[PDB]
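*Asks:* Each chain, letter by letter, is given below.
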Amino acid sequence: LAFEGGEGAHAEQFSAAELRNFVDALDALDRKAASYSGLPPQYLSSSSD
Amino acid sequence: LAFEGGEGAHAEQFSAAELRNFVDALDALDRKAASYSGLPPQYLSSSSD
Amino acid sequence: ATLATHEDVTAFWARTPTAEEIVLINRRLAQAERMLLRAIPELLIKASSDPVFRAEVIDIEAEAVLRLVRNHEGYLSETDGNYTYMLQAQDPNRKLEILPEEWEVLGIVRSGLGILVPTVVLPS
Amino acid sequence: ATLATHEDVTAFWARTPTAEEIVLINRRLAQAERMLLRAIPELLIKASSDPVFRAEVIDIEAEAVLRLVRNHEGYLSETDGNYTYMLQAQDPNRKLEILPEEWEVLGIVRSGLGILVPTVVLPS
Amino acid sequence: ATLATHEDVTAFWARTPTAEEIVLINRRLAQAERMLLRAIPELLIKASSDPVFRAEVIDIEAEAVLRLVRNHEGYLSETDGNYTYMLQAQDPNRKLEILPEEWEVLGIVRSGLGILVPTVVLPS
Amino acid sequence: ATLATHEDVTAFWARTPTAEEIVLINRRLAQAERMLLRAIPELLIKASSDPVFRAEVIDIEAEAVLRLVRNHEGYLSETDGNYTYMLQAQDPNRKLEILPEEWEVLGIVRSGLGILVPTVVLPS
Amino acid sequence: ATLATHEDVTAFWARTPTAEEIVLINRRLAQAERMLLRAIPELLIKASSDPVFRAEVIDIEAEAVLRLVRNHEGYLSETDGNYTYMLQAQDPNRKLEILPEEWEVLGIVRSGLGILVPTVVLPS
Amino acid sequence: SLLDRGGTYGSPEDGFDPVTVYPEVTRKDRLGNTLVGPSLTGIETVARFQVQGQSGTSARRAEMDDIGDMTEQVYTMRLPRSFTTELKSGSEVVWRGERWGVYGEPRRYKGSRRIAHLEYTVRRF
Amino acid sequence: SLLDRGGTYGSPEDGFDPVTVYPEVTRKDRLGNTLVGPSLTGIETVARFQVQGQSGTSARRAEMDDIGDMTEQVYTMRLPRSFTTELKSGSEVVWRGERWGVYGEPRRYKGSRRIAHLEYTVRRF
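Protein chains in written order, with the authors' numbering: chain Fh, 294 to 342; chain Fg, 294 to 342; chain Gj, 2 to 125; chain Gg, 2 to 125; chain Gl, 2 to 125; chain Gb, 2 to 125; chain Gh, 2 to 125; chain Hd, 2 to 126; chain Hb, 2 to 126.
Just so you know, the hints here were simulated from the structure itself, not pulled from any lab data. Be aware that a few hints might be false.
As the list claims (entries may be wrong) - Simulated pairs of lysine-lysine, BS3-like, Cα-Cα distance not exceeding 25 Å: (1) Gh:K96 <-> Gj:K96; (2) Hd:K29 <-> Hd:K111; (3) Hb:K89 <-> Hb:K29; (4) Fh:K325 <-> Fg:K325; (5) Gg:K96 <-> Gl:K47; (6) Hd:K111 <-> Hd:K89; (7) Gl:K96 <-> Gb:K96; (8) Hb:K89 <-> Hb:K111; (9) Gj:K96 <-> Gg:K47.
Excised from the complex, chain Fh in its bound form:
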């Protein structure tokens, strides 16, 4: 894109929200839900050993 715009005209952007800022709370609530229930860890945390 090419612009006549000048005299201080410029382009800038708002950043994305990082969705892992919620996912690392979803992992923390799966640890609590496993702790309260006493299920084997792999029933909730399917990446665990």
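Please build the complex by placing chains Fg, Gj, Gg, Gl, Gb, Gh, Hd and Hb on the supplied structure of chain Fh, with the hints as guidance.
*Replies:* Showing chains Fg, Gj, Gg, Gl, Gb, Gh, Hd and Hb alone in chain Fh's frame:
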């Protein structure tokens, strides 16, 4: 590319969106879908052991 | 003759020219005419068909010439003791031009955004 | 045809125009009318039935001409015998314009946020 | 007649106007009243029924005209053989307006925060 | 009538006002009282029974009018025969205002910190 | 003989040149003709065929020269007994030049984007 | 332009007063001497009057009592350039209802087309 | 430069009036005295005239009534430097169809080769 610059002209970019930011949520939802269904971890969350 | 005439320029100018400034006004009107006619090849067909388009052309020519003949001697001040004046420090009226906001009136609008498109010739 | 007349521009100027300034004011009112009509196609019809809108167009035309006939051929100062005057350092007023805050009275408003939309033709 | 009158503008100006300046003040008062009325459609109903609110409208109209008619002739300095003056650096070529501090006295006020709301059509 | 009177403004000015400056001072005192009476609805009630508070109001008004009236003609210099003078510089944009510290004398003040509070309606 | 004439320059100048200025104009117009004829090798052929193109070449030659002859003595001011004048300040060290927009009227243009192309000789 | 500003006899600008102006006419006396004086029919116009700098040897002469109640008054006087008629020595003006003589010929200032004008002096004594 | 501007008698520049200039020659009178006066053959040219003589001891003399309808006018006068002839004090000028005497010899200004010029006075009474 050599340009005339009589305004004080300059080049700019809007940045790329990082597709990993959505894959962070696709991983989280595969762990939830696996956990609710009770399937072996590799049926859904195949990023697992 | 041109669409506008020296009677138009001497009406937007609040003053009457000498016969030496009249030939300048005619020469500048003939220069303004060709700029509009080159930008809009239809100009004479539009100006003979539509009276409000004619009205816009007539005073875009008259004001374009008025920007040059206004104070064309280049004086800032004069005196001879019993009288004197001083003018505003205007920017020099260097060349005949039509404003961007005058080109909007004839409908020859221009985009301030354009695109550069990269090309590569495709294989056989 | 003008709704406002040189009596309106005179009433806002307080000074009385000479026969040259009357011709100038008549031609610039016929330009200000024409600028508003080209932006507001309803203008003459609505001004014939809404009497407060009629007052607003007349005073906006008279303003638009007044700020351009006021101190034309703009002197900064003059003297004559032993009398002398000097004016405030005004804008070199050289163009007929209607202000954004006058277009808002006619009911037309410049939205200062607009968007560029990317597009690509969908395949077949 | 208008709500304020040329006696109010005279009383705040502290000079007796000439008949040309009375004609100017009558046009400006009509413009200032109409400018308030378009923003506050009940203005005349309030001013007919609350005498304290009426007094605000009277002085806001008189002030809005006064700052525009004060030195409208635009001299910075004027002189003869034995009397002269020079004025402060007042604003040249100024405009009729009502200030934010006058609108809030009339009970019109506008926020310094506004929300852009992203919206998307929900599917069906 | 107004709490303060043109004798108060005259006493702080240390000049006798002319017959029209008396009218200006009375119109300005009417504004100054009306501005205080909006911000402190009980103003006249407090002034009826607290003489120290009344003594403040009587010269918060007279100071506010005097800041405006003090050089209302807007001169910087004059000459008369062989006599001439020049003033210190002053703001041309003079308007009737009560200072933040004068509101603090009236016993009302802003806070320079305020909190924007995010809210979302809770589900049901 | 030269395509434009000292009468063309005189018409745009609105002063009668003295016999020394007539010689100067006759040298300068031939310099303008060479300068155009080097950039457009067909100039005189195209001007013999197209009278609108001829009119542009005539007025570009005349106006390109007029930028030099206008105040060529370099005065800012002179006085003569009572009489005295002063000029709006204007460019020192002027020389014969054709503007980018005058080349565009002659139908030739410089683009502001060019490519530097890396190259390496391929082996054998 | 303070030149050609003045308006018209029914409605002057601020700096200008309405005047009736009686241009030059030539007459014979009883003995055939050729005299000059004001016409019997005057044009109506507007004029700009400013006090002439009567000083020193001429300031004491403003009032006298050697043979009668006597005074001199001197003003420079100028007419808008739309007034094409030229006044001459011994032409007269009615200003403020009083009658004033043009004194000497007009002074011609001619430096350039914009500046060019005539200024007169008038006296009453 | 203002010293070299002027045009020609059939078409002057802005500040210059066309004139016929009669340079001086000497004649014998009846008794053999030699008198200066204007030549019979005039030269067509152009000249720059400016007002003069406004000092209080001379401004009084502009119109008189002692023996006749006498008036006196004074102007400084300059020809463009292309006019190589010099007007000695017996010379005369026809300006606006009136005949004006040169008055005293020309003033010479000579500060440098570009400033150098002659200025005259003309008078009519």
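*Asks:* For each hint, tell me whether it holds in the structure or not.
*Replies:* Hint-by-hint comparison with the structure:
At most 25 Å may separate the alpha-carbon atoms for a hinted pair to count; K96 of chain Gh and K96 of chain Gj meet this at roughly 16 Å. For the suggested pair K29 of chain Hd and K111 of chain Hd, the alpha carbons sit about 35 Å apart, so the restraint of at most 25 Å is broken. For the hint pairing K89 of chain Hb with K29 of chain Hb, the CA-to-CA distance comes to about 18 Å; that is within 25 Å, so the pair holds. This hinted pair checks out: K325 of chain Fh and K325 of chain Fg have alpha carbons roughly 15 Å apart, not beyond 25 Å.
Only pairs whose Cα atoms come within 25 Å are accepted, and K96 of chain Gg paired with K47 of chain Gl is rejected, the gap being roughly 41 Å. Of the supplied pair hints, the one linking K111 of chain Hd and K89 of chain Hd holds, its CA atoms being roughly 18 Å apart against a limit of 25 Å. Distance check on the hinted pair: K96 of chain Gl and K96 of chain Gb sit about 16 Å apart at the alpha-carbon level, within 25 Å; holds. Of the supplied pair hints, the one linking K89 of chain Hb and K111 of chain Hb holds, its CA atoms being roughly 18 Å apart against a limit of 25 Å.
Straight-line distance between C-alpha atoms of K96 of chain Gj and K47 of chain Gg comes to about 42 Å, which puts the hinted pair past the 25 Å bound.
Violated hints for the displayed structure, listed by number in ascending order: 2, 5 and 9.
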